[PDB]
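First, one chain by itself: the form deposited in one PDB entry, in structure tokens.
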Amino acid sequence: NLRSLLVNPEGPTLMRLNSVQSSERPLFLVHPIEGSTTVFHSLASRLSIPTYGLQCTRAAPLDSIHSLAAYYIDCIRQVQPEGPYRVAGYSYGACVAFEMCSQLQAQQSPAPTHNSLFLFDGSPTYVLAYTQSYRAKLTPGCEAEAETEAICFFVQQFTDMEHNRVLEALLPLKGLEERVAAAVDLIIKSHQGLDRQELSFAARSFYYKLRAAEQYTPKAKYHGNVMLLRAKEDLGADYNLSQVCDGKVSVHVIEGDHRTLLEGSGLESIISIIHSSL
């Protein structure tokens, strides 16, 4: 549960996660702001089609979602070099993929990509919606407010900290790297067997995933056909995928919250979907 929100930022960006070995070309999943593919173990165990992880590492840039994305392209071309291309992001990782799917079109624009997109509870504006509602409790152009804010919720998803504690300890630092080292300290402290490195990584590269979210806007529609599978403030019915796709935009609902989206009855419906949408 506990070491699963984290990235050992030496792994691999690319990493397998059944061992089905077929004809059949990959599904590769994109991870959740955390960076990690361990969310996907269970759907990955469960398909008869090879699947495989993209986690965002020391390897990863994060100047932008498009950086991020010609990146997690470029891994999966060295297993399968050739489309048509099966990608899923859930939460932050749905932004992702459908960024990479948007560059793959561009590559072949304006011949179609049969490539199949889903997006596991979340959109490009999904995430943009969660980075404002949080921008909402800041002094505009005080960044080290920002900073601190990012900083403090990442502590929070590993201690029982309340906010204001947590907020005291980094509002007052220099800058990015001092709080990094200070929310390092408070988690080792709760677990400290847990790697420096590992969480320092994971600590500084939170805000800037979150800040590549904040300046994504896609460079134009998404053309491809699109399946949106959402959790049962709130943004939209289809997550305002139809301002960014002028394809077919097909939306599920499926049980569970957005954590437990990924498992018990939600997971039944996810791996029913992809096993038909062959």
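Residue numbers count along the first chain shown, from 1. In this text, the rigid core denotes the largest set of C-alpha atoms whose superposition between the two forms falls within 1.5 Å. Compared with the form deposited in another entry:
- With a cut-off of 2 Å and the rigid core superposed, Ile73 has a Cα displacement that falls short of the cut-off between the two forms.
- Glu82: CA moves less than 2 Å between the two forms after rigid-core fitting.
- Relative to the superposed core, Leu104 undergoes a C-alpha shift smaller than 2 Å between the two forms.
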Second form
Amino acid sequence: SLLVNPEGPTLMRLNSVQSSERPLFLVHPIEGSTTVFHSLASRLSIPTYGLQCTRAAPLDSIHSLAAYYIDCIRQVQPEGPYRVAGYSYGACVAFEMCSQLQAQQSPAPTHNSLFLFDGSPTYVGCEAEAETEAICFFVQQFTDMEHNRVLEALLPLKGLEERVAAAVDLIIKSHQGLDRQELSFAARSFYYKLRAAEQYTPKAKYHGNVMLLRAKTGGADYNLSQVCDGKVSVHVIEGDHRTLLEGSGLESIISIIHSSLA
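Could you give the coordinates for the form deposited in another entry, as opposed to the form deposited in one PDB entry above?
Partners and other molecules omitted; one chain follows.
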């Protein structure tokens, strides 16, 4: 899976457009990288930035992460409204960022544009078990090892740091050239990211318009109507969860969002 530079800037420039036009801000999927947005960003005639998940990111909750990302983007664009989007895990974060923006200017309606790429605030035994499960899933991507084997290696360890260290060692054994500090940060942050997303529930009903770009190859609105009482527009995009932001699906996405990004 993708890795991020733990010391990388939170707010990354994704294309070379330099103007005063309101930028599009794109929130990372769970891997925390913004490289998945390269194609989309290259198509746009507005400055496009990504929020990547680095050592800077507060992972205690989706609320904290979203608050931090809002604070970052408001440095590039001091005045709203904001064009914010999120992909997969990032959809939950992007939704929370807009939820916080709504609360800050309440009862004045927001005119923030929110695009959810195949994700939603809903579509994202004990703590030692939770760490183990999360770290096991993380290892299973990078390695070919059977679930039970990774489980018996991680489950009895002392705590999160020991699980992370053993996970990095397991991954390195299979892929010697991978960077140990990037893997250590990715593994530890993966647990915190899952824990935050699983505890997340929006604090209030979202009144703003939401656009969901759902992958054609798999509720129809990813439960958006349950947390949104504004206009929810759902578009079915060619491709799967990982390919809708490329090729034909990205062409469709560009045509659908063009008028909003004017």
